[PDB]
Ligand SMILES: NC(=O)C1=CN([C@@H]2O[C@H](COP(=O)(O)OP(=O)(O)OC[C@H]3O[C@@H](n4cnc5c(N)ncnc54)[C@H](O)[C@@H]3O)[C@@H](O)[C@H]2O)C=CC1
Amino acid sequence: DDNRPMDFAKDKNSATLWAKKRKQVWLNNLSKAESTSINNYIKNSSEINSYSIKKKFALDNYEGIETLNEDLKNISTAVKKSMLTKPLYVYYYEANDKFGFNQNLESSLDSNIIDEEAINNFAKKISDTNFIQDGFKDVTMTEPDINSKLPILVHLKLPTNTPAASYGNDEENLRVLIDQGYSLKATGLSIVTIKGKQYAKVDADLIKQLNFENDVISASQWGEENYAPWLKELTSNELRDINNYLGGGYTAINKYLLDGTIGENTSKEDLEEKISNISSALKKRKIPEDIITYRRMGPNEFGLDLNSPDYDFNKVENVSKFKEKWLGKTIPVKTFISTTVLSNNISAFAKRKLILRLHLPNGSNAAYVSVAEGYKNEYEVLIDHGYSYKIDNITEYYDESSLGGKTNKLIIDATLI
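Isolated structure of the chain on its own, the form deposited without the ligand:
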């Protein structure tokens, strides 16, 4: 079977035929719970994908919505029964905000033309970035002739073995349902002309980066498999100074790296010894593969106060202003960085509204310090001092819980550089 090209291009006829064939076979191999959840996704994908975010950034004790928990599970199992045998290209038009890009791509002088300065800023923006795609993703099979008003056409390549199912109620515009857990990596940029109008066409690959989210089991194993050797090889003074930094001794150490300030009860000699010991420990086992880490950040790290009016993200204008100020910036970090590999909200910082989702590159000087039995349940990665990160994307969602603060919160996607 699977008589198709990798890229149907504009041939809607051949694509509809291939989709119809594999869809009826796919549907006749679903359990009843899966069939129901696919129908539920047809009817309200937006709520199911919004919920996937709410759940995975929620507290450990979050119960959530029963039927939607089954849906999250059942759509995954369903789509894994429809794995691509060969690469498939797919299409969708997109807004610039989905690439964390503020500047308008459409030229102000002719609206049919893509501004040349903007497309050049865009090529730099989408480089060296994995754009995490939250929830399930549904797309179509051909270049769509629809007179779109969005600036960007995404031309996405789904690798072999990708779970991508043929589904949908319009038998002449069937869709592709892609499993959760993927990211978009740009592989090309070009200006294309469709029905007289220039679009920024983003070629990209669908890739899967390591991101445990709520999977505490898979997280623990990875940290143990990769950093138990690291733990056994620590010097006594390194183990001690990490344990102390993590236990709370970080404030004075961080302050010294920030502005060279020495507390009245210590000395530069004591502060540098600690820093040298922690930093040397963090260079002993480089991050072995790209991984996503998380940090619930204080308002002060972006010039805001707990009671500052700009920190009310329940007002859409405050969200927008935050995106304008911070999207695309590089933030230097002179201190160590504590992050966790779980997306779960944390009781001790439950109300913080800025959630850093940090891409930690292969080769970074950082350690899963939670192999130390004291911090096992904290799932921490400690990052060496003096790195920077660039802000890639900012994404709002609503935390409905009362412990979380019944407030909007911002997911700040970033890349360590």
Given for the second form:
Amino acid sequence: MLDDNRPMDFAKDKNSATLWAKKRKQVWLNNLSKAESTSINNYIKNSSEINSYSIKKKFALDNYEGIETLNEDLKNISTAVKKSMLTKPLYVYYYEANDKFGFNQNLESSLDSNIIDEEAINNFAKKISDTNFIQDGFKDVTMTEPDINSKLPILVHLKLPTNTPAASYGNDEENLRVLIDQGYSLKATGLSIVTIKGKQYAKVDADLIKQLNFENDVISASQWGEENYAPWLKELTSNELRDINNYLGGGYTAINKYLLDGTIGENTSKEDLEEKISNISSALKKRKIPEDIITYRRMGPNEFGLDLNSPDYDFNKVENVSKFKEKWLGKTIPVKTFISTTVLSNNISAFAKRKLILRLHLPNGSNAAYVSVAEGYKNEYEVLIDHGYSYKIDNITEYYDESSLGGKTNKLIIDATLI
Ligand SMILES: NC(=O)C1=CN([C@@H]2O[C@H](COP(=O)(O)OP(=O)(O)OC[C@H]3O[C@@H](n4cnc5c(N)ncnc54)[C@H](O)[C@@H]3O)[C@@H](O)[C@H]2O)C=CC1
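Could you switch over to the form solved in complex with the ligand, since the one displayed so far is the form deposited without the ligand?
Up next: the whole complex, starting with the chain shown before.
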């Protein structure tokens, strides 16, 4: 009933927005447990901290103890907002920075700050296409088109679909916000210029979408792998099973080295390497990825032309992160190797100090397989991708890995799309 008297979009009608928000906010708060009420209050005070913590937690090693009251806040805010699901779509609004679209060109004209640069917004149009922008943490937004200046260049007009957990909350009863649950992504649906208080903003129309992304959920991940690739495993030829297992047991070193630049160990031959590559690649064409999925990879510095001791690889310094972002944002990188990925975001002990974390949109139809169906229960939840694809670099987002075992260093989350 709480959506019976409202449009999908309040537009500029703040009075109708407030009437709607006040009623559902009251119902919602009374349905919260004490723990949920506390965590929502914690979000009002410490939202930046909670959202930043959620990133550290999802990319940490398994033995990460973390901060127990923030662990509680992550759980309780999520169960809280799930008590307030929309019954019809709701359009929402927020100003946004360049960085959240992986865009590093100024959209302001050089000659007039009120005016958007035509060439920049043309490049922006290409950059936001063909991309699902993962939204980390919880996202809070406003109900009406802002009537105030922003230092930010972009206005997002975001369509939340029916059944989105989206709770009315906040301390200003006349400007109540909307708190969106974790786990969503943004998909642009249109681009235009909007003028607000005499100044032009790039207006991104977008849908809120939910991509399959297991993060730390080992139970769901292994179930998905079993369901979708147990038959794949049984139908492998003997050689395909053999050379898949060779690769996964340590043959990757020689196989991917050869695919990268033709290196041949002394005791092997080109023809034996070609054979293994042919059987693995044939196996990976047998069952295309059945739905869009996010997978992960702890990447070594050579995958971006860097060496372990390169000064440019020290992301603890600001200028190196800026250099890396300038070099790779928006680029397409061909990948000659097979790509070993995992459906879990957890850091991996053998790779704990690698500083580059691939977060890969792996499309429906990709030649890849959940290969861990073959191993025993000590497995790494792996999706192996065929050689010869490319990465489209969508975003680069730093976070600080404080852990001794992680290397006490900034690391870069590289959001990419497989092409
Ligand atoms: N790295 C990861 O996140 C995951 C790896 N595994 C498994 O661990 C084992 C070893 O994994 P990796 O060390 O990652 O094998 P790998 O052959 O991909 O990489 C080994 C070394 O070669 C570099 N390298 C790989 N591809 C490159 C490319 N196109 N260009 C330049 N340098 C490249 C890497 O940075 C690394 O230093 C495999 O069985 C693999 O399936 C399992 C879960 C995910």
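For the two forms, the rigid core is made up of the largest set of C-alpha atoms that agree within 1.5 Å on superposition. Numbering follows the first chain given and starts at 1.
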Using the rigid core as the fixed frame, list which single one of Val216, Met83, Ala123, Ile262 shifts its Cα by at least 2 angstroms between these two forms.
-> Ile262
By the 2 angstroms cut-off, has the C-alpha of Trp26 moved between these two forms once the rigid core is superposed?
-> no
Once you line up the core, how about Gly374: does its CA shift reach 2 Å between these two forms?
-> yes
After superposing on the rigid core, the Cα of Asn314 moves between these two forms by an amount in angstrom of 1.5
Quick one: how many Å does the C-alpha of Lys286 shift between these two forms once the rigid core is superposed?
-> 0.3
